[PDB]
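S.K.: Now for the letters of each chain:
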Amino acid sequence: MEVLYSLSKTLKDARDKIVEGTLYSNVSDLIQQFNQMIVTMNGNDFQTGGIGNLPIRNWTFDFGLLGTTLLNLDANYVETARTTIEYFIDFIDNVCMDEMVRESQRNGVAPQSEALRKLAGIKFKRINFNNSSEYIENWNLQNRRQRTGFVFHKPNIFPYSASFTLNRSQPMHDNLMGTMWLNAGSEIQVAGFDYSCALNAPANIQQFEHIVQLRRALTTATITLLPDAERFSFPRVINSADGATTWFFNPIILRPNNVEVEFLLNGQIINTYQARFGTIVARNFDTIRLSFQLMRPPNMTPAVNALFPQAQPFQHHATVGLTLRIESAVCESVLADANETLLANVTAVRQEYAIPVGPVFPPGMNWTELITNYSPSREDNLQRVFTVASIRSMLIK
Amino acid sequence: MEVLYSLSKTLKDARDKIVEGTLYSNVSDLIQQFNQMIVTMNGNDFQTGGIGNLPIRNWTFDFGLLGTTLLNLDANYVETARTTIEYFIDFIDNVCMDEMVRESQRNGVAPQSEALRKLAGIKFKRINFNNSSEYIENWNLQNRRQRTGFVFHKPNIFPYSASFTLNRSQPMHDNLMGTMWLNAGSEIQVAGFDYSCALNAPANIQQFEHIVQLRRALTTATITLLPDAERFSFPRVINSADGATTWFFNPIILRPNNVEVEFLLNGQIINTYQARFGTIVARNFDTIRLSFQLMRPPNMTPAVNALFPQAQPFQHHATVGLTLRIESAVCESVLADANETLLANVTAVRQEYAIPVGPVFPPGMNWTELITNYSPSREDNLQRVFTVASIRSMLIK
Amino acid sequence: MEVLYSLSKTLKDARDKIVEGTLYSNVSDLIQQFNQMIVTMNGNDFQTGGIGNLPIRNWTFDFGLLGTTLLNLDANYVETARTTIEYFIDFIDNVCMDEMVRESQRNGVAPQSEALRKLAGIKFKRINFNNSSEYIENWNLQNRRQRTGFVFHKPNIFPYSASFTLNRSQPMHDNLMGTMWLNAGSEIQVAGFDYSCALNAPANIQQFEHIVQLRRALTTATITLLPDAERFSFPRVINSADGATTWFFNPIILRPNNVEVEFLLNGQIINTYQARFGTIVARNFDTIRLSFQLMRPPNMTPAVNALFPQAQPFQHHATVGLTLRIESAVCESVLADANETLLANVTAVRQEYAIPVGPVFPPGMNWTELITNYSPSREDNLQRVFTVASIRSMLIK
Amino acid sequence: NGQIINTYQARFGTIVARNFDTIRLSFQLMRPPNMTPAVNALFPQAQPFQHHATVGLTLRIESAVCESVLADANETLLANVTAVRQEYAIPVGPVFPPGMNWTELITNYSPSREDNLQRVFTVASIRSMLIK
Amino acid sequence: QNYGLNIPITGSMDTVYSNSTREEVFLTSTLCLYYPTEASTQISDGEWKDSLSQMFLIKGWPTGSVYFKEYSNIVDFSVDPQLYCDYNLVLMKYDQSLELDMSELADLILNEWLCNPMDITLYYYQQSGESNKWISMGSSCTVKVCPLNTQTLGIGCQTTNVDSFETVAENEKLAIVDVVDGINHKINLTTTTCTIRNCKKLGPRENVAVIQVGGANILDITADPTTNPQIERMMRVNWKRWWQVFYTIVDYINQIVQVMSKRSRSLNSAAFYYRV
Amino acid sequence: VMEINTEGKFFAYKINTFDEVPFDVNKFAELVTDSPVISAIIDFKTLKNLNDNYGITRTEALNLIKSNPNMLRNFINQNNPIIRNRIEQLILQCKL
Ligand SMILES: *[C@@H]1O[C@H](CO)[C@@H](O)[C@H](O)[C@H]1NC(C)=O
Ligand SMILES: *[C@@H]1O[C@H](CO)[C@@H](O)[C@H](O)[C@H]1NC(C)=O
Ligand SMILES: [Ca+2]
Ligand SMILES: [Ca+2]
Ligand SMILES: [Ca+2]
Ligand SMILES: [Ca+2]
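Residue numbers (PDB author numbering), protein chains in the order written: chain F, 1 to 397; chain D, 1 to 397; chain A, 1 to 397; chain I, 266 to 397; chain f, 51 to 326; chain 1, 680 to 775.
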């Protein structure tokens, strides 16, 4: 696959640097790389595709070497260069499509798609050009056992999950208390509600906790913590836990007090932030414990006193919320982002040719189901397909 | 600093370009750079660390050169280069951490970390390779006085502050009027609320103004202005200004009419937009003046007429909102971002080794204080530490 | 580290093969290896220790080569061999202890212990002798992955956890039904109990299920499955789930009928056995699902009829249990065993010198917590310290 | 910047502030414990309050050293620049205020304004070396 | 089944809620109408219970599920009203001077009171907090409460002198007496006639509705004066003809049952808390 | 040294050279639960003023920080006007 990246990089440099009028001093090294690629690929043969609707294609290479005598590139040069470049771009595109549709339970990182398996041979070691892009760099730094890292902007680490826990409930659903939460993308959004407004809680302080177990550790995470979870901040009616009836939720938002955000790694508190909103930093963490509290207002205007009665009806229900946005982070295992197109590209090239549902990846590459259980086989296959996706996106847009 | 970035650059390029099978044409210049680095750093002793818990590490360099008579690289070349490269990478990582953990009340831009201070000497001037990265380029363009600039996505310029002012109030808190606002990172959300829905205001319009002064001018900023501030568009119970008693809030979201947003530099009006929401541009602005008006709707359907009476109760409180996100911008001085990870790197390195609270930066590098008070000394130190963090992040993730 | 193992192997083979009266043909190659070791280590200075109570020491090597003009070794040769080899063994012991006592949350594979870090240079690759031991061989393979596996005899893969769940319960705990289990070391013992002997279950059959989630996949495991969980076949009094009260438990052991055991990997069933006891196999499994049943016996002798009434009292409580011993297995990652003392050596080295608890490992190398939270950084550090202890055990016992 | 560089308590006359960014003056009005009946007639217990007690402080910065440029009472750089602008009726520019009004030039003194001021001041010194 | 334990339950929000249940709560439960005898007196019939049953059958309820109960009048029905019956409606005609009796009955039959006996002759009884009352039921409940100092001496009343006591209910069939919560009291109430129970107010009874057949919104179930809640089950309908009233109930019986609910304390799920 | 006034104002500053440092709440809140608190009869402001005007030594600085009377008597013997003024300030603050 490193050789595949080298092909992609040298064709990208051919398409960019070899332009009409350039000095040959600008492209001497690139032309040498291109001629090495041509010589190595000449006389070989490749078969690509044959899974789903991806057609079988035969590639046979026999091309003339690019000239090197010219002092200053002219229009004659770029025509021959373009003729060769188009074929090579098509070949690399098809090889990447094949490899990113294939899939394997066992030995995921190894190359499928026998074209790429051939490219992994010994003849094609001379084409290795350089490995600078982030994904191939992580690929090599992981092939040799060394720590790797991908920087992610808005990493969708949380699988989509909107739900609620009721620590106190009745069939009438008239006096409830508990938490609700939506974890989606890089958003945690959790609102603890109490219908009695902590009337009978000890010291008129209800206590709420919410755990969120990351499927993979995050590093150097910049986070944005705000109060007043906006999702759970308007009236709703919610189907019951069983699914039989529906209960009414009518929030009035108290301020959350003595909030503690604890970022945990292996159960050990790595960081703690008490009542510190705005941007925050988590150096390294695998789990998040958000603890907040609903304290009854000791003093009360007549209006708010009318809002909170001592009797049963409770026409309004107190609520206190938090919102936590992982603005950016660093992670070892590959993920999906709001800044990178690799997940969408892989899913698109799978959907294009009607590839049948495979062993490890869920049907349709539903990222929520892929991240909800993230087995090492899935991790290996996902890194492989994402690396090929980046290699392909370096040429095909 | 320039020499440190050059070391990091050449090590990254050696880790990438120098791989097995590569032509020597692709690595000739980098091999010459690497040889000169080896020669100049041979026979030199560095001593990094020695503050907080950062261990005191001694570095001594005795490394051989790299060959030139090859045509294609092979395992021997790569193996020797790998052994040397790992050592230099660790050395550079520790030098960067040592320079990040340190501060200085006076002379912030000048280097700390006696290892790097030694690197700054005349002896090592031959290492400078090319200062390509954005942070180092701005380091040079500011080290000799020229016009710099850092491009930011969602620049968290505003220090966190959620608060309110009351232009009309009384202890029963039945008939209020004023503004609430939350400035957080890159987003302003301001909501002007009148409990009487502008019953007795001149022409039944109540004027609201909100002035937010940034701590640094932002150049060529793209902004998203929308109405209906989300976070002040639902019922709440809020403290008093003195914290004695809590008062109820119950918004009905009128629209804001004849809303103006004025982007001002040094008092002068640079840009002004008149009831024009969506994507907008600000050439320069040290401050933003959001002015809007709550107009009682003249023609009221019976329902809204019931909502807004002429009597005293005012069971529902009229509001008009605005939200304003700086989607991107360019600033003359560094700031944290949703895209970058420089602040995260710096704070994490401080927290790992428990560096005691230094002269200039606040405890824990909390961005809210660090941007609330942004003295030139703090700016200089933040720029130095961020440049070092970028230099580290080139190699280490 | 390969160099460190090669040092240990050559010293062990020198201490063994270089004995009085042995032919030089027996030890010619070993003498050549030993002389290479001497020449490589000669004229150097190492330093070892400086953490906890492990005291600093300095090692300096000026030793002469062993003779070679002798056809048959004599006593006076072995005395020079003593004077060299004893010093070398001490040096290796302290290097291994120093490497074991250190840690790193990141890049834990790369050596700590600046002595070993120096040994990991370029001048010392000439000492590489042969990597025969299981741990060093797996170190090489993991550091450049081929599929690996450590064979373990009775591996303590489970964490010590004894607990119980009640599918049916009362505040007075008269009529319970549920499961109890103890997972400890390589033993799973699970007993499902019913106080009514499945009197009111559907078809007088009560269904019990237990899930055990291995922290790491095991391969080619051998599992001895027997009925009648021993630990839950005598009377007890157990603290309640809340801990408020204690409830009596008085087993009468019925057999478990149509017992099914399913070994799953990544959610799919890999092996399944039904009413099979004695030794069995598990190809490659990450979870165990033990399902069994409590069937009320249709025909009942007067004694058992007296035991099981149809009224509430239930002086005797029916239970059916299983026991499951993972006698041996193959794990890609490393675990402690009952046949290998690597964990004992590591813990003893840390305990004797009272090392401060580092970022990664838990306090005192608590294996239960360590296997409960077994993140990849922790795994890498564990593998490093275990292979170092394997190297040390070749010479020091 | 919240860094108490110096504190002079019950001191008058010449003093030195080695380095500072804000001056935090504090004083107190102590009612006279004893009173001549004239002073007693001045200050009653009742409401009228014909006479109003006051306390005062004057603080003149004689000389200073500033990292950036500033107008001063010694050299004529600001006057030279403003004279050259007014003599030729230069329209308003982007950064400077109209008329080079020093008050609003120093209330808002952003880096762009500061460096433009430095450029024009250095040029004015260069000119004053020859033309006066 | 983990009776008698507060165990949290997690429910999602993507789940598609199930189908209707009116057919179940009709084919299984038992509707139960309590009306005053003056109703039947005005109706002047006696096949009319059967006719109403047939109309309820047309509306869904099986034949034996709708059961009727009479009572002489509200004040007599007030004494020990036990609605041993699955879905209760109480038609309650409103007349002047019976406002407090109506409110007392509404509170008693709409809110689940759990309560303990009181030996007036022996102990001094104190009220804990906001949710504690004493309910006295009988033919003539003349409760005479004498408060007590911290020394157990009367104020405004002499413990040996019944006359100076402070009456708070005279010859009432039902009386929910609320005293100053925090003080010991010595009661005297006619033990041969009227029983008294120290009762306190659990959550609402969601199984009984009250159709005020007459006038204005005068029910105050909450003894607190600050709050005057309008519960869903305190329905109110104008009247000039009992046939029209019954036809309204029959027509909108679906809505009334929707307002009501299955009694929480009757559920098996409440087994080891206060199941009844 | 982390110092607190009873009326909100707070400071943090080294011992050898009284150069104040940014305060660290949530470290002070944790420390004060357990550590031995010391009364501050020589306020931080007056202490810094004294050090700048006179230049006390390390030993005297530490003893002034700890309000050691064995050494605090020495300045009042010396007629050190800063310590004088502070102590009469306290005595005059002992009104009512
Ligand atoms: C619910 O009702 C729909 C039609 O209204 C019917 O198709 C469906 O089968 C019903 N489902 C159940 C579970 O009764
Ligand atoms: C209440 O007072 C009467 C006096 O009229 C007395 O006869 C009666 O015994 C008293 N009740 C009790 C329960 O003692
Ligand atoms: Ca009554
Ligand atoms: Ca009286
Ligand atoms: Ca009461
Ligand atoms: Ca009331």
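If you are wondering where the hints come from, they were derived from the structure by calculation, not from laboratory data. Ideal placement from N, C-alpha and C gives every residue a C-beta, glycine not left out. One or more of the hints may lead you astray.
[Claimed, not checked] The calculated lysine-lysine pairs, modelled on DSBU-like cross-linking and capped at a C-alpha distance of 30 Å, are: (1) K9 (chain F) <-> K12 (chain D); (2) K118 (chain D) <-> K17 (chain D); (3) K123 (chain F) <-> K118 (chain D); (4) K727 (chain 1) <-> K688 (chain 1); (5) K123 (chain A) <-> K125 (chain F); (6) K118 (chain D) <-> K397 (chain F); (7) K397 (chain F) <-> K154 (chain F); (8) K12 (chain D) <-> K397 (chain A); (9) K17 (chain D) <-> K154 (chain D); (10) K123 (chain D) <-> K17 (chain A); (11) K17 (chain D) <-> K12 (chain F); (12) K123 (chain D) <-> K123 (chain A); (13) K118 (chain D) <-> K118 (chain A); (14) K154 (chain A) <-> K17 (chain A); (15) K118 (chain D) <-> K12 (chain D); (16) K154 (chain A) <-> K125 (chain F); (17) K154 (chain F) <-> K17 (chain F); (18) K17 (chain D) <-> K17 (chain A); (19) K706 (chain 1) <-> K724 (chain 1); (20) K312 (chain f) <-> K99 (chain f); (21) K123 (chain D) <-> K123 (chain F); (22) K12 (chain D) <-> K125 (chain F); (23) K12 (chain D) <-> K12 (chain F).
[Said to hold, decoys possible] Here are a few chain I residues that sit away from chain D, every Cβ distance over 10 Å (derived from the structure): (24) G267; (25) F277; (26) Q293; (27) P313; (28) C331; (29) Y353; (30) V360; (31) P376; (32) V385; (33) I396; (34) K397.
S.K.: Quick check: which numbered hints come out false for this structure?
M.R.: 3, 6, 8, 9, 10, 14, 16, 17, 18, 21, 24, 30, 31
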